[PDB]
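Novice: Next come the chains, spelled out residue by residue.
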Amino acid sequence: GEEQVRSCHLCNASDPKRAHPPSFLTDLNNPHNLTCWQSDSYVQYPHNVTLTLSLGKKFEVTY
Amino acid sequence: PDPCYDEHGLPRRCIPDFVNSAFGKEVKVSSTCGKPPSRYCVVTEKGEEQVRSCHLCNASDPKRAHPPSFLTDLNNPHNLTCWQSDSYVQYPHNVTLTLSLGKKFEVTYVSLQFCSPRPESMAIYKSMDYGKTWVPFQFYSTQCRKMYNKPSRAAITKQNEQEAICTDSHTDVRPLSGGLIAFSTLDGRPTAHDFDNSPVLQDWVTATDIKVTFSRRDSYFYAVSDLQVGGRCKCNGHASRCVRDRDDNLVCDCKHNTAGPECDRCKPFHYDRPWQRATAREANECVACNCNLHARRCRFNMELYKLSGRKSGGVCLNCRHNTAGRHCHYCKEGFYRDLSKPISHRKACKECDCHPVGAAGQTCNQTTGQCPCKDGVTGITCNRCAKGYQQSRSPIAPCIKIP
Amino acid sequence: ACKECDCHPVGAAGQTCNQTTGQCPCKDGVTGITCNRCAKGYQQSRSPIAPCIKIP
Ligand SMILES: *[C@@H]1O[C@H](CO)[C@@H](O[C@@H]2O[C@H](CO)[C@@H](O[C@@H]3O[C@H](CO[C@H]4O[C@H](CO)[C@@H](O)[C@H](O)[C@@H]4O)[C@@H](O)[C@H](O[C@H]4O[C@H](CO)[C@@H](O)[C@H](O)[C@@H]4O)[C@@H]3O)[C@H](O)[C@H]2NC(C)=O)[C@H](O)[C@H]1NC(C)=O
Ligand SMILES: *[C@@H]1O[C@H](CO)[C@@H](O[C@@H]2O[C@H](CO)[C@@H](O[C@@H]3O[C@H](CO[C@H]4O[C@H](CO)[C@@H](O)[C@H](O)[C@@H]4O)[C@@H](O)[C@H](O[C@H]4O[C@H](CO)[C@@H](O)[C@H](O)[C@@H]4O)[C@@H]3O)[C@H](O)[C@H]2NC(C)=O)[C@H](O)[C@H]1NC(C)=O
Ligand SMILES: *[C@@H]1O[C@H](CO)[C@@H](O[C@@H]2O[C@H](CO)[C@@H](O)[C@H](O)[C@H]2NC(C)=O)[C@H](O)[C@H]1NC(C)=O
Ligand SMILES: *[C@@H]1O[C@H](CO)[C@@H](O[C@@H]2O[C@H](CO)[C@@H](O)[C@H](O)[C@H]2NC(C)=O)[C@H](O)[C@H]1NC(C)=O
Ligand SMILES: *[C@@H]1O[C@H](CO)[C@@H](O)[C@H](O)[C@H]1NC(C)=O
Ligand SMILES: *[C@@H]1O[C@H](CO)[C@@H](O)[C@H](O)[C@H]1NC(C)=O
Ligand SMILES: *[C@@H]1O[C@H](CO)[C@@H](O)[C@H](O)[C@H]1NC(C)=O
Ligand SMILES: *[C@@H]1O[C@H](CO)[C@@H](O)[C@H](O)[C@H]1NC(C)=O
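Protein chains in written order, with PDB author numbering: chain H, 86 to 148; chain B, 40 to 255, 271 to 457; chain G, 402 to 457.
Treat the hints as calculated values from the structure; they're not laboratory data.
Treat the hints with care, as some may be off.
What the hints assert, rightly or not - To give an idea of the interface, some chain G residues facing chain B are shown, with a C-beta separation under 7 Å as derived from the structure:
hint	residue
1	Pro410
2	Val411
3	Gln424
What the hints assert, rightly or not - Subject to a maximum C-alpha distance of 30 Å in a straight line, what follows is the list of computed BS3-like cross-link-like pairs (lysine-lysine):
hint	chain 1	residue 1	chain 2	residue 2
4	B	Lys165	G	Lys428
5	G	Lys428	B	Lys143
6	B	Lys395	G	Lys428
7	B	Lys67	H	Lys102
Quick reminder that beta carbons are idealized off the backbone N, C-alpha and C, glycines included.
Assemble the whole structure, with the sequences as input and the hints as a guide.
Specialist: Have a look at this one:
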């Protein structure tokens, strides 16, 4: 409405349903069962925030 | 699974189901026929007048034995189990039977089944201790006064709903045999509907041990076929059942972070909000202390919880990992906060690695780790030279101005 | 086989245990491996700096 409210949760990768793998980024995106991958916290500039993935085929990209 | 947790694994009140209590246990008594072997005669009504039968009592005769197990065994309404007392006895004399339980309970039903006629004067007792202290509960007589100095069918004042009443009701015979006595303490109590918020009634139901003492040509005696009393194991709504101990001791498996065999207190290291009873509105649970993974023992003060707007009052003791505070939540004198590390990192505290020369003091901003920068030096550990400031090999002053 | 150091948060003068002996930094009258107990002739005190002190 007008003010703030903060919830809170936890992450065990060994907990499948409580894990947040990058597969949450590659899986089908349900607007009703979204798949939130999660980063580590307490992080900011100045630091490299790098994620990697190679292709194996050259492409032209639009979207 | 566990009724202590909702469909969403939310801690909710979990309670043992309502069960009969006085079923199958042994009782030490003060009198019984048959030692030496005793006899007894029995009267019956026929049409309009009377007729008297008669029998014998040897406990060494199993078929002529009638143990108190006959009160606790299953009583078949077609195969009754009547225990019998000695005869030729009456007021003034204690006809006392005891039962020491060891656990405090809340009771709803107290049912009875008689093989002897209903006498006139008697009362109720209990022990919220383990067979040492004894307090009455109610009286029962036509002359509650001449016998017990009591009124018959007194009123239950709201200001003391823990009154002990006496009545002549159902002190009549018929019923001689098969007397049915059921007692609900909740009768008459105005604050019985909201029992969840009736602690005095939640205290009036508290009972651990039970004692029953009686006052009030022919052989007259007393006999009874069975006993049933319903209740639920008192875990304050914090355990759905009660189990045996490794040393044979029935205790609640106190859930909801509660302690004591009855869930009466909070668990060790659970001192932030006071101990409370699970309500239909809120399970008013206990809560451990917050140390952010930096302590194992804690204490509490109400004023902390008081001034918290009644929200929290926990405080940790002996904050490890170079941490400190009520939540063991800051680095002591000597480190700084490694802000890069998470807020609960066990090594979030590290020595003020201040440039032992370039920093002016031996400390650093516990938040920033900003070491004490000397005259023209800046930087957290104070190492760098400034614009127009040339570093010198002097172990005292490196950066030097430009003309 | 390896568990994090459990140095007595007060009675040990550090949070690092003697990885061989696990002996935390026991301060003058503090004893115990994690440096928690006070020694015989040292009673626990509520002072946040001197927990264990000799007696005259
Ligand atoms: C990561 O996220 C997951 C998912 O939420 C959490 O899951 C935990 O998983 C562990 C798995 O070990 C669970 O531990 C459970 O408790 C047992 C306690 O020891 C008893 O073991 C058996 C009964 O299981 C008894 O006969 C015995 O006498 C002990 O009394 C563990 O021993 C069990 O795990 C054991 O099983 C595996 C095989 O399945 C064996 O290889 C091992 O020996 C292993 O010890 C048992 O599964 C625990 O219940 C789960 N916690 C939950 C669901 O909250 C993790 O907790 C979480 N990790 C972190 C660090 O948060
Ligand atoms: C309290 O209640 C009990 C149980 O009902 C009654 O117990 C009595 O129990 C005894 C058995 O202990 C019964 O006695 C029976 O009668 C025999 C009579 O003596 C003859 O014995 C044999 C045949 O049995 C002959 O060869 C012999 O020549 C005698 O003529 C007893 O001898 C028997 O008891 C023997 O058996 C037990 C084991 O069962 C042994 O340990 C003993 O040696 C014992 O002698 C036989 O069993 C008797 O019937 C019961 N009395 C009854 C039912 O009234 C008590 O009597 C009762 N109390 C009172 C005061 O009545
Ligand atoms: C953070 O910054 C860059 C990537 O964003 C990395 O660059 C390094 O640069 C130094 C300077 O010569 C090289 O010696 C290193 O080999 C480089 N690292 C590489 C190429 O991986 C730097 O390493 C990053 N630091 C991290 C990721 O911890
Ligand atoms: C009969 O009355 C009560 C129980 O109904 C018993 O109370 C006794 O009171 C005297 C008074 O000093 C004490 O010395 C006794 O120790 C009490 N007896 C107990 C506590 O068992 C009295 O003893 C009863 N008489 C009996 C059982 O023979
Ligand atoms: C989303 O999908 C997962 C797939 O296992 C399922 O477990 C979960 O219940 C789904 N979400 C909801 C709200 O049902
Ligand atoms: C009642 O139960 C006892 C238990 O053994 C049995 O001996 C007796 O025959 C039963 N009586 C009837 C009428 O069923
Ligand atoms: C630490 O740095 C902050 C950053 O501005 C400063 O405000 C504060 O006074 C410094 N000292 C502390 C927090 O003790
Ligand atoms: C660990 O304990 C031993 C036992 O005497 C001691 O000699 C040593 O100095 C301690 N510290 C170490 C090994 O760092």
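Novice: Give a verdict on every hint.
Specialist: Status of each hint after checking the structure:
no. : hint                : result
1   : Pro410              : 4 Å, holds
2   : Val411              : 5 Å, holds
3   : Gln424              : 16 Å, violated
4   : B:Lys165 - G:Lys428 : 56 Å, violated
5   : G:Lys428 - B:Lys143 : 48 Å, violated
6   : B:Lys395 - G:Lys428 : 29 Å, holds
7   : B:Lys67 - H:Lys102  : 58 Å, violated
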